[PDB]
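Using the sequences provided together with the hints, build the complete structure.
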Amino acid sequence: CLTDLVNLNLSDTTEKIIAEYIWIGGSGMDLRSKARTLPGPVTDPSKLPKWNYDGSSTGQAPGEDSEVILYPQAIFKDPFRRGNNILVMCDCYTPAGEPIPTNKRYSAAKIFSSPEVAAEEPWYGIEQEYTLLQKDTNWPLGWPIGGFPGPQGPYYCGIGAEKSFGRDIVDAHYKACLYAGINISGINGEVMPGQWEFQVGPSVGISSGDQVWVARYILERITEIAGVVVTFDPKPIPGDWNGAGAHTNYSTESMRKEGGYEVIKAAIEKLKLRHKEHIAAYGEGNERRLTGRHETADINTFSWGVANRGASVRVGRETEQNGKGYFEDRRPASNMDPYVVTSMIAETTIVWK
Amino acid sequence: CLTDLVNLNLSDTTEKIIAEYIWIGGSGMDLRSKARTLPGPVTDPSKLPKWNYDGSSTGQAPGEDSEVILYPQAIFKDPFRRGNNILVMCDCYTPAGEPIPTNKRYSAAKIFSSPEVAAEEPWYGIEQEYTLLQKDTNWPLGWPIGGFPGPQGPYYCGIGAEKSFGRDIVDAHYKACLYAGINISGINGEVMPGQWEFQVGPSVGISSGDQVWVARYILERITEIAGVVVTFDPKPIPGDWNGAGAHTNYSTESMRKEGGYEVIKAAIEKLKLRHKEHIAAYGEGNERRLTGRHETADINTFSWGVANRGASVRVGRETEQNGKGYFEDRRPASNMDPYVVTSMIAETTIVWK
Amino acid sequence: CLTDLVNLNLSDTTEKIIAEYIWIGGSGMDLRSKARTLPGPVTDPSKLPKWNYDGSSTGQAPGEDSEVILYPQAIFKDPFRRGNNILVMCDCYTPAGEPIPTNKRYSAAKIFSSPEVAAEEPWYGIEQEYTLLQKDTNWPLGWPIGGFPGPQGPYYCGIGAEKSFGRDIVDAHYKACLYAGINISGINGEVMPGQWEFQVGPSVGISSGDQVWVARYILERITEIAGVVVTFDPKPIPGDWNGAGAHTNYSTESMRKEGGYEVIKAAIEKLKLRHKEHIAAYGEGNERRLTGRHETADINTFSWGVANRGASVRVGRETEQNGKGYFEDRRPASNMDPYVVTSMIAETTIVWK
Amino acid sequence: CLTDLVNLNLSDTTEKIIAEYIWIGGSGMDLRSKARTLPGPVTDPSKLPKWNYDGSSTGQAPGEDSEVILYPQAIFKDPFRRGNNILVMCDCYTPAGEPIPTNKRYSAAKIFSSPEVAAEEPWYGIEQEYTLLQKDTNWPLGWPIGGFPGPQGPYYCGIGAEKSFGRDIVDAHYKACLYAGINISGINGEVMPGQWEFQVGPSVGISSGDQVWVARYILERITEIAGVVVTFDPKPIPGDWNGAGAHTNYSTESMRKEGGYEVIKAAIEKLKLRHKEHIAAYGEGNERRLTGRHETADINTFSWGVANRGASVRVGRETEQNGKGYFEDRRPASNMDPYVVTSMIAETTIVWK
Amino acid sequence: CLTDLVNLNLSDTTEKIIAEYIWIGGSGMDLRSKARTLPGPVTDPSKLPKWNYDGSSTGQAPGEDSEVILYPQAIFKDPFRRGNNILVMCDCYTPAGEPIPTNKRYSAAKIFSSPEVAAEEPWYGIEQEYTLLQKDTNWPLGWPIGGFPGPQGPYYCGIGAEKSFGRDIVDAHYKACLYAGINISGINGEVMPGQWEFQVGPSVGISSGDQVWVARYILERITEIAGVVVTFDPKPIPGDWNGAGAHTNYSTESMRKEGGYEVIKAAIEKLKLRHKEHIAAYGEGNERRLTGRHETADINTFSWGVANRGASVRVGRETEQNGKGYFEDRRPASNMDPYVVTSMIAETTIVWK
Ligand SMILES: Nc1ncnc2c1ncn2C1O[C@H](COP(=O)(O)OP(=O)(O)NP(=O)(O)O)[C@@H](O)[C@H]1O
Ligand SMILES: Nc1ncnc2c1ncn2C1O[C@H](COP(=O)(O)OP(=O)(O)NP(=O)(O)O)[C@@H](O)[C@H]1O
Ligand SMILES: Nc1ncnc2c1ncn2C1O[C@H](COP(=O)(O)OP(=O)(O)NP(=O)(O)O)[C@@H](O)[C@H]1O
Ligand SMILES: Nc1ncnc2c1ncn2C1O[C@H](COP(=O)(O)OP(=O)(O)NP(=O)(O)O)[C@@H](O)[C@H]1O
Ligand SMILES: Nc1ncnc2c1ncn2C1O[C@H](COP(=O)(O)OP(=O)(O)NP(=O)(O)O)[C@@H](O)[C@H]1O
Ligand SMILES: C[S@](=N)(=O)CC[C@H](N)C(=O)O
Ligand SMILES: C[S@](=N)(=O)CC[C@H](N)C(=O)O
Ligand SMILES: C[S@](=N)(=O)CC[C@H](N)C(=O)O
Ligand SMILES: C[S@](=N)(=O)CC[C@H](N)C(=O)O
Ligand SMILES: C[S@](=N)(=O)CC[C@H](N)C(=O)O
Ligand SMILES: [Mn+2]
Ligand SMILES: [Mn+2]
Ligand SMILES: [Mn+2]
Ligand SMILES: [Mn+2]
Ligand SMILES: [Mn+2]
Ligand SMILES: [Mn+2]
Ligand SMILES: [Mn+2]
Ligand SMILES: [Mn+2]
Ligand SMILES: [Mn+2]
Ligand SMILES: [Mn+2]
Ligand SMILES: [Mn+2]
Ligand SMILES: [Mn+2]
Ligand SMILES: [Mn+2]
Ligand SMILES: [Mn+2]
Ligand SMILES: [Mn+2]
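Heads up: the sequence lines are chains B, C, E, J and I, in that order.
Quick note: the first sequence, position 99, residue 101 per the entry's author numbering, numbers continuous.
Quick note: the second sequence, position 57, residue 59 per the entry's author numbering, numbers continuous.
Quick note: the third sequence, position 353, residue 355 per the entry's author numbering, numbers continuous.
Quick note: the fourth sequence, position 135, residue 137 per the entry's author numbering, numbers continuous.
Quick note: the fifth sequence, position 235, residue 237 per the entry's author numbering, numbers continuous.
Incorrect hints may appear among the rest.
Said to hold, decoys possible - Straight-line Cα separation of at most 30 Å, DSS-like style, residue types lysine-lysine; simulated pairs:
| # | chain 1 | residue 1 | chain 2 | residue 2 |
| --- | --- | --- | --- | --- |
| 1 | J | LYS326 | I | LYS49 |
| 2 | B | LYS49 | B | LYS112 |
| 3 | C | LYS137 | E | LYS137 |
| 4 | I | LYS267 | I | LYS326 |
| 5 | J | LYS272 | J | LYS112 |
| 6 | C | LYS112 | C | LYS259 |
| 7 | E | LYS49 | C | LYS326 |
| 8 | C | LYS52 | B | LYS259 |
Since the hints were made in silico from the structure, they are not lab data.
In C-alpha cells, the structure reads:
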C-alpha cells in the first residue's frame with residue numbers, strides 16, 4: 003500500500019530527479035522547502051537552476067511584489083526520497099539581486115571569502131542540543147502529562163525504556179545525515195530526559211552553517227514522520243532541568259599547529275572583550291538558559307576554565323596537555339543561527355583588534 | 003518511513019563507521035553510551051582513539067573538573083546499527099591516567115595479568131538471570147496489575163502464551179550477542195514467570211567481565227526497543243517467588259586435567275574460609291535473595307553438595323563422575339559486577355593461602 | 003527493530019549453531035525446552051552432547067539431588083530460529099542412567115526394538131485435534147465471551163471470517179512442520195468452531211511418538227506468538243460441542259500386503275479383549291469425551307464398523323474394498339502420550355496372545 | 003436501585019439494631035470487623051454481649067483452638083448504617099480470660115486505672131497523618147503513573163484541582179467522625195501531595211487510643227467506598243517528599259495549671275533519658291522517616307525547641323508565653339499504636355523516676 | 003455512599019461547629035485553609051480563638067521558628083459544609099504580634115481606620131475576571147487541545163453548548179457566595195471563550211478586600227470539585243484573545259451626593275499623577291495585558307473617557323448624566339491584591355495632595 007509508493011525506485015523508470023529546495027524563512031528560525039523535477043542528476047550547485055517562492059507566505063515580501071529568489075548553494079543526497087534525488091540548501095535574494103534582511107549566509111560568506119580568514123582556515127564542530135515533545139500537549143517526550151519524571155541523573159547517555167526517550171528518531175537522523183553527506187561526528191543522550199545531541203564534525207567556514215541547517219531540516223522531517231515535535235528553545239521547561247545549547251568548538255590553522263595553545267588564550271582574551279555583543283546574537287531566550295547552574299555560565303559574567311563546564315568557554319584536558327587543539331564556546335543557545343555565530347567568532351578572532 | 007532509515011546500509015555510500023563507546027557509570031551498576039564517527043573500519047582496540055565524556059552528569063567528577071577519559075578495551079559488532087559499525091567496551095580514567103574509584107576492570111586486569119594466574123588460565127561461564135517489568139507500573143511482565151499469576155511451577159523452560167512472557171526479547175538478544183561476537187552459550191526460561199537467563203560461555207579472565215557487561219548492554223537496549231524495563235535486582239518481588247542470581251562457574255588448567263576433582267575440593271575449601279568477605283562484594287540487596295529457600299543457600303552458612311541447588315557451591319554430577327571439570331558458585335546476585343567477582347574468585351583460589 | 007534481530011542470519015557471521023533441547027516434564031503432558039550454542043552444524047543425534055536440567059523445577063527430582071539428564075534422540079530443523087539451527091527431541095534419565103518414571107519413550111523404544119515387532123514394521127498416522135483459546139478468559143477462539151457461536155454444522159472444513167478461527171496459526175504450523183522435517187500429512191478445520199486437526203503421516207515405530215511430540219511443541223510455540231492458548235483437553239467445553247481425540251491409524255507389513263483385511267479383523271479382535279486396559283492409558287479426562295455422541299463410541303462398550311464414526315474402531319471404505327490397508331483406533335484422547343499409545347497397540351497386536 | 007437499600011431506614015420497620023464489632027488483628031496494624039443484630043438500642047458498653055471470631059483467620063489462634071473473645075469497650079454511632087446502629091470498639095481475650103499478645107489496650111488500661119496517673123488526668127491530642135493511594139498501582143493519589151507532580155510547596159493546606167487530591171474523602175471522614183461521636187478537633191492538607199491529616203482532639207487516657215482506632219476504621223471504610231487505598235506507612239515514597247507521623251500532644255492537670263511550664267521541661271527531661279526505648283515502640287519503619295530533614299528530628303539524637311519543627315519535641319509559642327500548656331512529641335510514626343504510645347508517655351512521665 | 007457523608011446534617015447530633023480558617027500564603031497570591039472544631043456557633047469574629055499554622059510550609063517562616071499566628075477577621079457561612087459551619091477570613095502575624103511582610107490587610111486596615119477616610123466612607127465594587135482551564139493540559143476550558151475555538155465575538159454573555167463553557171461552576175459560585183453572605187452583585191460570561199466574571203457589589207473599606215479574597219477561595223474550591231483549574235493570570239493565552247482584569251469601581255460620600263462629578267474629575271486628576279506607582283502595585287504580569295487592544299489602555303499612557311473601554315479610567319454614561327456616581331479604574335489585573343489596590347485608591351484620592 004502506502005510505503006510502497008513513497009519508496010518506489012524511479013531509477014528503473016526514468017532519469018528524472020527530485021530536488022528539494024530548502025530555505026530559511028521570515029522568523030530566521032523556520033525552515034521551509036518545496037520540490038521540483040529536474041531532467042537528470044546534478045552534482046554541482048552552480049548547474050542547478052535558480053528558483054523562486056511566495057515571499058508573502060513566509061513573511062519575507064508583500065503580496066504585490068511577492069517573488070523571492072532561491073540560489074542553490076549546497077547539494078546533499080535526499081535520505082527520504084533516496085535514489086538520485088537531492089536536498090538543496092538555499093540562499094535568499096530579491097529579484098534585483100539583493101540579499102533580503104533574513105539572509106545571514108551572505109554576510110557570513112563574505113567573511114569566509116576574505117583572504118586572511120580563508121588562509122587561517124577555520125574549523126567548526128557545533129553540538130546541537132534539542133528537546134523532543136509530544137504533539138498537541140507540547141510536553142517533553144516520555145514525560146507523563148502534567149507531571150515529571152524522576153529527577154535528572156540517569157538520563158545522560160543512558161539506555162533502557164525508562165531512561166531513554168526516542169532513540170528511534172536520533173539513530174535514524176544519524177544515518178540519514180551520513181547518507182546525505184553531512185559531516186556528522188557523533189550523537190548522545192542529554193541530561194534532561196527527552197533531550198538529545200548531535201555534533202556536526204569539524205567543518206570549514208561557510209559549509210558549517212550550511213550543514214547545520216540541513217541537519218536541522220533532516221531532524222525535523224524525521225520527527226514529522228514520528229508524530230513528535232522538536233524545539234530548539236534554549237530552556238523549554240523551567241526549574242530544575244537542563245537547557246539546550248549549541249556549543250561551538252573552534253580552531254584555526256595556527257591553533258592546531260605547534261604552540262597553538264598561546265593563540266587559543268589570545269583568542270579567548272579577544273572574546274572576553276566582545277562578550278556583550280556576542281551574547282546579543284547568540285540566540286533569543288538565552289537569558290532563561292545561562293544562569294550559572296545546569297552546566298552553563300551566567301549571562302552577565304564571562305569565564306573560561308580547563309575541564310570546566312560551569313564556564314563560558316572551555317578548553318579540553320587533551321588540547322591543554324598537547325599545547326595544541328580547539329576551544330569550546332558554550333554560550334550560543336540551541337536556536338543560534340550557525341551562519342551568524344560561526345562567522346562572528348572568526349571575525350572577533352582574526353580580523354578585529 | 004522510520005525503520006527504513008534506522009536500517010540504512012551505509013556501506014553503499016561511504017567507508018565511515020559508527021563506534022558506540024560503552025562505559026559503566028557512577029553507581030557502578032548503570033551502563034552509559036554515546037557514538038562517534040570514525041574514518042574507516044577498525045578491528046584492533048588499540049587503534050581506536052581514546053575519548054572523554056561529561057563525568058559531572060554520571061556522578062563521577064565535579065563540574066569544574068568534568069572530563070573523564072575512555073580507554074577502548076574490546077570491540078564487538080553492533081547488532082543494532084549493523085554493517086561495519088561497532089560497540090566498544092570501555093575503561094574509566096582521570097586525565098592524569100588514574101583509574102577512577104568505579105573502574106573495577108583495572109584491578110581485575112592486574113590479577114589476570116599476574117603470571118601465576120595467567121598460567122592457570124581461568125575459565126568463567128556466568129549465568130545472568132534478570133526479570134522483565136512493565137514500564138511505569140514496574141510490575142513483572144505478563145503479571146496482571148496488582149495481582150499475581152498462577153504459583154511457580156509451569157514457568158521454568160515453559161512454552162505457551164500463558165507460561166512464557168517476552169521470548170521475543172530473549173531470542174532477539176541471543177542472536178544479537180552471537181552476531182556481536184559475545185561468547186553466549188545458552189538461554190532458558192526461569193522459575194519465576196517473567197524471569198529469564200543467558201549464560202556467557204566459557205571465557206578466559208578479563209574477557210569474561212567484558213563480555214558480560216556488553217551482553218547486559220545489548221539486553222537493555224533490546225528491552226528499550228520493546229518498551230519494557232529490566233532489573234538485575236536480586237529479589238524483585240517479595241514472598242513466594244524466585245530471586246535472581248549471577249551463578250559463576252569456574253575452572254583452572256589443573257582442574258579440567260586428570261584428577262582435577264582434588265583441586266576443586268581444595269578450591270572450595272579456600273572459598274569457605276573467605277565466604278564472609280566474598281558475600282560483601284557479591285552485589286547489594288543479596289540478603290533478600292539468599293534465604294535458603296528458592297534454590298539458594300542461606301547468606302550466613304557456607305555449604306556445597308553434588309547435585310544440590312540448595313548449596314552455596316554446586317559441583318555437577320558430570321564433573322564428579324569424570325574426576326575433572328568445573329564448579330558453580332551460586333552466591334553472586336544478578337547485580338554482581340563480573341570484574342569484581344571474576345577476579346576475586348581467581349584471587350581467593352590461586353594467589354592467597 | 004525487533005523482528006530484524008529475531009530473524010538475523012547467523013550464517014554470514016559464524017559457524018556456530020543453536021540447539022533447542024526439548025523434553026517432557028513432571029506432569030507427562032507439559033513440554034519444556036532450553037537452548038545451547040554448539041560449535042558447528044550437526045545431523046546425527048548421537049554426535050550431540052548429553053545435557054542436564056533442573057529437575058526440581060519440573061517436578062522430576064528433589065532440590066538436593068536436582069540433576070536430570072537429557073539424551074538427544076531426534077534432530078529437526080528449527081523453523082523459528084531458521085538457518086542451521088535445530089530442535090532436539092529428548093529422553094529423560096537419572097545420573098545413574100535409569101529412565102525416570104515419566105520417560106515413556108524408553109519402554110516404547112524397547113518394544114519397537116524387539117525383533118518380531120521391528121520385522122512387522124508398524125506404521126502409525128496419528129490425527130491430533132486440539133482447541134484454541136483466548137488468553138486469560140480461557141474461552142474458545144472466535145467465541146464471544148460468556149456466550150456461544152451458532153450451533154455446530156458450518157465449521158468443519160469451513161472458510162470465511164464467521165466460520166474459521168485462527169487459520170493463521172494452523173497454516174503456519176503446517177509449513178513449520180514440513181520445514182522442520184516432521185512427516186506431516188494434512189490438516190483440517192474441525193467440527194467445533196475453534197477446533198483444528200493435523201495428521202502426522204505414516205511414520206514407523208518410535209519416530210511416530212517423537213514426531214508427534216515435536217509437532218505439539220511447534221504448535222504451542224506458534225500459539226505463544228499469536229498470544230493464544232492451546233488445550234489438548236479431550237472435552238474442553240461441556241454440552242453440545244465436539245471433544246478432541248488423537249485418532250491412531252495403524253498397519254503392519256502383513257496388513258498392507260495381499261489379504262491383510264483378515265489380519266486387520268484378527269487385530270481388532272485382540273483389541274476388543276484389552277479395551278479395558280487400553281482405555282486406562284488412552285489419556286485422562288476421556289470419560290467426558292467418549293459418550294457415544296459427537297462421533298465417539300461410549301467408553302464402556304467396544305465396537306467397530308466400516309464407514310462408522312460412531313464406532314470404537316473404524317476401517318475405511320477404501321481399505322475394505324481393497325482387502326488391504328489400515329484401521330483407525332478412535333479411542334485415544336487428544337492428550338494421549340503417543341509413546342504409550344503407539345507401542346501398546348503394537349504390543350496388544352503382535353506380541354500378546 | 004442500590005444506594006436506596008444501603009440507606010433504608012430501619013426505624014420505620016423494627017426496633018432491631020445493627021452492631022459492627024471492630025477489633026485489631028494479628029499484625030497489630032490491621033483492623034477487622036463483623037456485624038450482628040441486637041434486639042434494641044444500646045448506650046452502655048457493658049450491656050452489650052461479648053462475642054467471638056475466628057482467630058485462625060486473623061493470625062491470632064490455631065485452627066484446633068480457634069475461638070478468640072471480643073469485649074465491648076466503646077460505643078459510637080455508625081455513620082455508614084446510620085439511624086440507631088452502632089460501631090463497637092473491642093478488646094481481645096482467650097476463652098480463659100487472658101488478653102492475647104496483640105491486645106495492647108489491656109496494659110494501657112491498667113496504667114490509666116492506676117490512681118496517681120488517673121489523678122494527674124492526662125490529655126492527648128494526636129495528629130494522624132496518612133497518604134492516599136491509587137488501587138492496584140499503589141502510587142499516591144493525584145500523581146501520574148511512573149512520574150511525580152510538581153515539587154512540594156503548594157500542597158500544604160492548599161486548594162484547587164491541581165493541588166488538592168481527595169478532599170472528598172477527608173471532608174466525609176470529618177463529618178462521619180463528629181456524627182459518630184469521635185472527638186475530632188481538626189483536619190488539614192499535608193505537605194506531600196496526596197497526604198492529609200486529622201486530629202483527635204483533647205481526649206483523656208484510654209479513650210484516646212479508643213477514638214484514634216475507630217477514627218482509622220472510619221477512614222479506611224470511607225476510602226473503601228471511593229476505591230482508594232490508605233497507608234499509614236511512615237515514609238511511603240522515598241526521596242524529596244514528606245513522611246507521615248502521628249504527633250502526640252500531651253498535658254497533665256499540673257501542666258495546664260499555673261507554672262505548668264516547669265513541669266513540662268521536667269517531663270521533657272525524663273523523655274530524653276528514655277528516647278532509646280520509646281523509639282523502639284513508636285512504630286516500625288520509622289528509620290526511613292526520621293532523618294532530620296522534612297520537619298523531623300534524626301532518630302539517633304533527641305532534641306526540643308520552641309517553634310521548632312526540626313526537633314524531637316516541640317512546645318508551642320502560645321504555651322511558652324502563657325507559662326502553661328501542652329507539648330508535642332513528634333517522634334511517633336503514622337503507624338503507631340495509640341494504646342502503646344499514649345500510655346508509655348504517661349508512664350515515662352508520671353510513674354518512672 | 004460518598005456525598006451522603008459529605009452532606010450529613012450535624013445539627014441533629016451535636017452543637018459542635020466546623021470553622022475553616024482561610025489565609026493568604028507566601029506568594030501573596032495563594033490561598034490556604036484548614037479546619038477546626040469549635041464548641042458551639044459563633045457570629046462575632048472577636049469571640050473566635052486565634053490559631054497558628056506551619057509557616058515553614060507556606061514560605062512565611064523558617065523551620066526552627068515555624069509558628070505564624072492567625073487572627074480571625076471576618077465570618078461567613080460555609081456553603082460547602084453548610085448548617086452552622088463557617089469560613090473565617092484571616093490575618094497573619096508573628097508570635098510577637100508583628101504583621102508578616104505578606105499581610106497587606108494590616109496596612110489597608112490602618113488607612114480605612116484613619117478618620118478623614120472613614121468619614122468619606124469609600125465604596126468599592128470590584129469586577130473579578132478569571133479563566134477556566136483543563137487540569138493537566140492547562141488549556142482553556144472548552145478549547146480543543148493544541149487548537150483554538152472560533153474567534154472572539156459570540157462568547158461574551160452568550161448561551162449554548164458551543165459558546166458557553168462551565169456555567170455550572172459560575173452559577174454555583176454565585177449562589178454559594180450569596181449564601182455565605184458575600185455581597186456579590188452579579189456575574190457574566192466574558193469575551194474570551196472560557197473566561198468569566200463576578201462583581202463583589204458596593205462594599206465599604208476593608209470589607210471589600212475581605213469579601214473578594216473569600217469569594218476567590220469559594221471559586222477555586224468549586225473548581226476543585228469540578229476537576230478544573232482557575233488562573234487569575236492577566237493574559238493567560240497570548241495573541242488575539244482577551245486578558246483578565248480586576249476593574250475597581252469607586253465612590254466617596256461626596257462623589258455620590260450633589261455635584262459629585264466635580265470630585266470625580268478631581269480624583270481622576272490625582273490618579274493620573276500617580277499612575278506610575280499604581281501600575282507598580284496593580285499586579286504582576288500586567289505588561290502582557292495592558293496593550294491598548296482588547297478593551298485595555300496602554301500601560302505607559304494614562305487616559306479617561308465617558309463610555310470608553312479603551313481608556314485607563316471610565317465614567318459611566320449614567321453617572322455623567324446624573325452629575326453624581328462612581329468611576330471605574332480598569333488598570334488592575336485579575337491577580338490584584340484587593341487590600342493593596344483598594345486602600346491605595348483611597349490614599350491617592352483622599353489623604354495625598
Ligand atoms: N580541531 C577541531 N576544531 C574545532 N572543532 C573540532 C576539532 N576537532 C574536533 N572538533 C569537534 O567539534 C566537536 C565537539 O564535540 P563534543 O563531542 O560535543 O564534546 P563536548 O564539548 O564534550 N560536548 P557537551 O557534552 O555537549 O558539552 C565534534 O564535532 C568534534 O569533532
Ligand atoms: N570448564 C568450564 N569452566 C567454567 N564454566 C564452564 C565450563 N564449561 C562450561 N561452563 C559453563 O558455564 C555455564 C554454565 O551453564 P548452566 O547450564 O546454565 O548452569 P546451571 O547450573 O545449569 N544453572 P541454573 O538453572 O542457573 O541453576 C555455561 O557457559 C557452561 O558452558
Ligand atoms: N498404512 C497406513 N497406516 C497408518 N496410518 C495411515 C496409513 N495410510 C495412511 N495413514 C494415515 O494416517 C492418517 C489418517 O488421516 P485422517 O484422514 O485425518 O483420519 P480420518 O478418519 O480420515 N478423519 P477424522 O474425521 O478427521 O477423524 C494420515 O497420516 C493418513 O495418511
Ligand atoms: N492540653 C492539651 N494537651 C494535649 N493535646 C492538646 C491540648 N490542648 C490541645 N491539644 C491538641 O492536640 C492537637 C494538636 O493539633 P495540631 O493542630 O495539628 O498542632 P501542630 O503541632 O500544629 N501539627 P503539625 O502540622 O502536624 O506539625 C488537637 O487535638 C489540639 O486540640
Ligand atoms: N458607588 C459605587 N462605588 C463602587 N462600585 C459601585 C458603586 N455603585 C455600584 N458599584 C458597582 O461596582 C460594580 C461594577 O460592576 P459592573 O456592572 O460589571 O461594571 P462594568 O464596567 O459593566 N464591567 P465590564 O464589562 O467588566 O467592563 C458592581 O458591583 C456595581 O453594583
Ligand atoms: C551535558 S553538556 N552538553 O556537556 C552541557 C550542555 C547543556 N546541555 C547546556 O547547554 O545547557
Ligand atoms: C532454577 S536455578 N537457575 O537453578 C536457580 C537460580 C535462581 N533463579 C536463584 O535464586 O538464583
Ligand atoms: C469429525 S471426526 N474427526 O471424524 C470425529 C473426531 C471427534 N472430534 C472425536 O473427538 O472423536
Ligand atoms: C506540617 S507538619 N505536620 O508539621 C509536618 C510533619 C511531617 N508530615 C512529618 O513527617 O512528621
Ligand atoms: C467586557 S470588559 N470587562 O469590558 C473587558 C475587560 C477585559 N476582560 C480586560 O482585559 O480588562
Ligand atoms: Mn557534546
Ligand atoms: Mn551536550
Ligand atoms: Mn560542549
Ligand atoms: Mn542455568
Ligand atoms: Mn538459572
Ligand atoms: Mn546455575
Ligand atoms: Mn482426520
Ligand atoms: Mn478429526
Ligand atoms: Mn479419524
Ligand atoms: Mn497538625
Ligand atoms: Mn501535620
Ligand atoms: Mn504536630
Ligand atoms: Mn463587568
Ligand atoms: Mn468584564
Ligand atoms: Mn468594567
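Here is what the structure says about each hint:
Taken as a hint, the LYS326 of chain J and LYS49 of chain I pair is honoured in the structure, with Cα atoms around 21 Å apart against an allowance of 30 Å. Of the pairs offered as hints, the one joining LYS49 of chain B and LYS112 of chain B holds, with about 22 Å between alpha carbons and a cut-off of 30 Å not exceeded. Restraint check for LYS137 of chain C and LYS137 of chain E: satisfied, since their Cα atoms lie roughly 21 Å apart, inside the 30 Å limit. At roughly 11 Å between alpha-carbon atoms, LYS267 of chain I and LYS326 of chain I fall within 30 Å of each other, so this suggested pair holds.
Our distance criterion of 30 Å between C-alpha atoms is met by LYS272 of chain J and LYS112 of chain J, whose separation comes to about 21 Å. In summary, the hint linking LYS112 of chain C to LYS259 of chain C is supported, as the alpha carbons are separated by about 26 Å, within the 30 Å threshold. Restraint check: the Cα-Cα separation between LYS49 of chain E and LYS326 of chain C comes to about 21 Å, which is no more than 30 Å; the hinted pair holds. Simply put, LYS52 of chain C and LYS259 of chain B have alpha-carbon atoms about 20 Å apart, close enough for the 30 Å limit, and the pair holds.
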